[PDB]
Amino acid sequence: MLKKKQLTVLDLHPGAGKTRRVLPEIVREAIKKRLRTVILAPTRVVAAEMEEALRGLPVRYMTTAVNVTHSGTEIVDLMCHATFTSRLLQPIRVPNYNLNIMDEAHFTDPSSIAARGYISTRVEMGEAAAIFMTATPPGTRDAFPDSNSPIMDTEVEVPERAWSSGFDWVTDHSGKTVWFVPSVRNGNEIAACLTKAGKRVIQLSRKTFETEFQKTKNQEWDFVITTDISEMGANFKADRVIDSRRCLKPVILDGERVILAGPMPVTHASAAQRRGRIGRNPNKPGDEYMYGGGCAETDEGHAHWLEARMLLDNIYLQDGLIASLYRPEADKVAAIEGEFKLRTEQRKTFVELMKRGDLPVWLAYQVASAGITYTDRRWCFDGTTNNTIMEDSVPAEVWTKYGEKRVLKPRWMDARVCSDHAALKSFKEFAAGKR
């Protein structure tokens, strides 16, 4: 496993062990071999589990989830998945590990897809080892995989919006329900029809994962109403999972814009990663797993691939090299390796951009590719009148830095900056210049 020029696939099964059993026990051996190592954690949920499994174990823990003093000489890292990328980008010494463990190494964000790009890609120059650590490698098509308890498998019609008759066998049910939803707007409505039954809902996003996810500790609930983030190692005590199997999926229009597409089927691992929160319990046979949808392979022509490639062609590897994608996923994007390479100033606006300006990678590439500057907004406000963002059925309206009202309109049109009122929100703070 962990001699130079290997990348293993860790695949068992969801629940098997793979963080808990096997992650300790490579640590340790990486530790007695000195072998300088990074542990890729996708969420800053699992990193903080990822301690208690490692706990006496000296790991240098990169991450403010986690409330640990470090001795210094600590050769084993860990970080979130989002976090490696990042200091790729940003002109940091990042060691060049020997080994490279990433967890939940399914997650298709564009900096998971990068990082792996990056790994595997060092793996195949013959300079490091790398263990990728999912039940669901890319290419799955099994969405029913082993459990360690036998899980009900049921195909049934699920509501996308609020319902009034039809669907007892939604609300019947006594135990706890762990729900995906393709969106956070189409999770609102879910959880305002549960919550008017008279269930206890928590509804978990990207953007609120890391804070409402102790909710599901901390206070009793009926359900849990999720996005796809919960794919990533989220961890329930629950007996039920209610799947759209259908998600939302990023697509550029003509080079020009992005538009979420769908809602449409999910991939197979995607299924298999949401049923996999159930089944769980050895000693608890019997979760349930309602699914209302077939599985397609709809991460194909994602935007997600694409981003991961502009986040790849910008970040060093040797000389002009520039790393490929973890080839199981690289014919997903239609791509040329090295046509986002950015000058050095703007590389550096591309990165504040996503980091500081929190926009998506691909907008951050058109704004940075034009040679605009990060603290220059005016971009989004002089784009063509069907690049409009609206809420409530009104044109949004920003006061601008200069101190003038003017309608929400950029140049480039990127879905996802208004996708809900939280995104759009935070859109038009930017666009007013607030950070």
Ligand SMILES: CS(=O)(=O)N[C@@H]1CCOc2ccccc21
Contents of the next structure:
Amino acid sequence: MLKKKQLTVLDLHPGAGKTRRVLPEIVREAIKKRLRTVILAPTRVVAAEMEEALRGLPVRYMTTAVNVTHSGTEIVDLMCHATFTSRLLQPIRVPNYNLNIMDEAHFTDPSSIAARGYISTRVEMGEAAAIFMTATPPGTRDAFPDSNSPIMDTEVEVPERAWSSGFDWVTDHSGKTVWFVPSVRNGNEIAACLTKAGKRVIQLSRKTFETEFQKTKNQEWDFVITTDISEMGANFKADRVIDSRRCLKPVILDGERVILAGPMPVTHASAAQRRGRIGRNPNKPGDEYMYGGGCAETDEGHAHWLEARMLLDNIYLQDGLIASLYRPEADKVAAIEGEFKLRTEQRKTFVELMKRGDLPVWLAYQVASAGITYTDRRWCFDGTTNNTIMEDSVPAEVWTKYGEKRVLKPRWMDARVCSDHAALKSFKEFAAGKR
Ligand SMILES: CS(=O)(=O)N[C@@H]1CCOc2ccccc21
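Beyond the form solved without the ligand, can we have the form deposited with the ligand bound?
Next comes the full complex, this chain leading.
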């Protein structure tokens, strides 16, 4: 595995012990062989779990999710997938790691796809070794993989809205349930319904993940309503997974806008990861998995692969060369390598719109490629009337940095900036010049 020029895919089933058993073994061997090593966690919650599994070993934790006093002589760095990609984009120097380990190497966020592309290109070049750890590698057709104990799989109609009758089996359960919903807004409705019926509900999403996940250990709950974020190593002490089998897909229409299409079928990798939450205790067989639809390869034409190409086109590799996407996922986008390469000033704007502006990659690229400086927010108000952002069936309004009251009408419309109350609130602050 550790020998150069090689990319290994560690494809053990969910719960096989890739993070607590296999990962420390690789770390010990890497330290023994003096290989400068990077460990890539998908989220800060997995980083905290990796610290527990690697406790004692000399690892430099490049995250505030862990409170450790470093000796300064560690040759193994641990950071999130997005931190790795972010530091690659910024002027800061990143070591040319001899060994690159990616946990949950199935994560389809644009920064995870970009990191895989960068690492795999370095391996293809014969510069480094890499290990991609995942139960569901890119290209998996099995939604029912092995587990530590048997799982009862049941195809059933799963409600995607509040209900008065017809789904007795959902509330007539005395155990703990993790329920995957296609969106935050869809989860709010089902959560309000379960709460009204006397259930204790915790809700998880990308923006509230670290805070609310802690509640699943600190308090007694009946249901956990989550988006696809819990597919990335999140572990619960539950006996049932209710899976709508649906997700929202960002799609770039005619290269002019981004809409959130669907809800539509999840990939086999996602369905397997969602099912993978239960059947993890070999001493407690019989965990249930209720699924409400089929799988399809909805990652083809998904905006994240185009966005990954926008990140890689702006990461230095060697002179004019540009990193390719990891081979099993390179056909999910019809992009020309190098087409999103920006000049130095616009690239600096692109990076800042993502890091500080917190804008989606596609939106940041449209603003930076137009030659607009980071603090220039006039574009948030000069788009056509069909780009009017709506809040509560009425146009959203903001006070500009000039003190004028204006309707939010962005020149480039990206549905992710107003997909929920929290996203819209952050976009309003950005359009007003608050960050
Ligand atoms: C994220 S932090 O505040 O905990 N600092 C970490 C740990 C020490 O090593 C490094 C190196 C570079 C950058 C961040 C860090």
